[PDB]
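Worksheet: one structure, shown below.
Right, subunit A next:
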Amino acid sequence: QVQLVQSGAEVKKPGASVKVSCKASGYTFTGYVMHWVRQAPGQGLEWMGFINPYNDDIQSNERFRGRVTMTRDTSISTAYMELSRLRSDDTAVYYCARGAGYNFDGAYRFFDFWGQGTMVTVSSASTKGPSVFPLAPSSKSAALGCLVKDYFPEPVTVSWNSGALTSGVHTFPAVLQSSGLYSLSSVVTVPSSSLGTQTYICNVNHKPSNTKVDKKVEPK
Partner candidate 1 sequence: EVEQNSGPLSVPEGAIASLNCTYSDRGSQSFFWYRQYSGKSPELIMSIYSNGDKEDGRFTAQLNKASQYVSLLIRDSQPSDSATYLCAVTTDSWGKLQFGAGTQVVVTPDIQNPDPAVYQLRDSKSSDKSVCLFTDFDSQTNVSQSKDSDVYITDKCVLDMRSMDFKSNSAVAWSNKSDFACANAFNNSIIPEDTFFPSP
Partner candidate 2 sequence: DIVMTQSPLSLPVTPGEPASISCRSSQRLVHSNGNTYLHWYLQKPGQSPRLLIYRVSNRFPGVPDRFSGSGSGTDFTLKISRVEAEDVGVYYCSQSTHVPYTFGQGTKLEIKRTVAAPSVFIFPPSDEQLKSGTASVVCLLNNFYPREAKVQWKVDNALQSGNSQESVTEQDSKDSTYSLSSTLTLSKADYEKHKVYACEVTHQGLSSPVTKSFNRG
């Protein structure tokens, strides 16, 4: 039960700083090194650096030397990365990735366990929470969904009946409107009959605005 659990998504204006945390569970924290790797949207992978939390030894990628700051707190089993003087082209997903070498072994040069990641958006534009509208089921013998419109920045997450309904769902990649705000749809297929039986609710979360909405989706 190795688990690396990172901090939630954030938004920062150009020239500012962001601090991403990564918290380990179910192993000896000091035994393994901790790397950081990023992914810009629709792009490849880039390695930033590591921190060996035993001896505080550090390597870094030349590109970030001056701007990046990797630290660690052994009492709480957490590693940090702090990047600053943020340009717009630092908008990306930021992962923490554990090295496979226990106690100075050479296997640290590859990664065996990753975190869930942290989307960091660099923008002068304001934060804005979404509006959630139902996509009511057809009058026809069965698909319904939720429309999440006008939010910034990314991302959001959608679940159904507090995570109970999982089969048949497709949550779509967001779409950048001309207004500068994001919008996506989530849909799901269910049995023809069971519209009168079941009571469907979509749970939308947008953490940068601190918005939680539990919207009913029913025929009219």
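A word on the picks: all candidates are chains of the complex that A comes from, given by their letters.
By definition in this document, a contact is a pair of C-beta atoms (placed from the backbone, for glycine too) under 8 Å apart; a residue touches a chain by one contact, two chains touch by 3 or more; residues count from 1.
S.K.: Pick the one that touches subunit A in this complex: which of 1 or 2 is it?
M.R.: Considering all copies, subunit A is touched by candidate 2.
S.K.: Which bits of subunit A are touching candidate 2 when the two form their complex?
M.R.: 35, 37, 44-47, 59-63, 95, 97, 100, 106-107, 109-112, 114-117, 131, 133-136, 138, 143, 145, 147, 149, 170-175, 177, 183-185, 187, 189, 220
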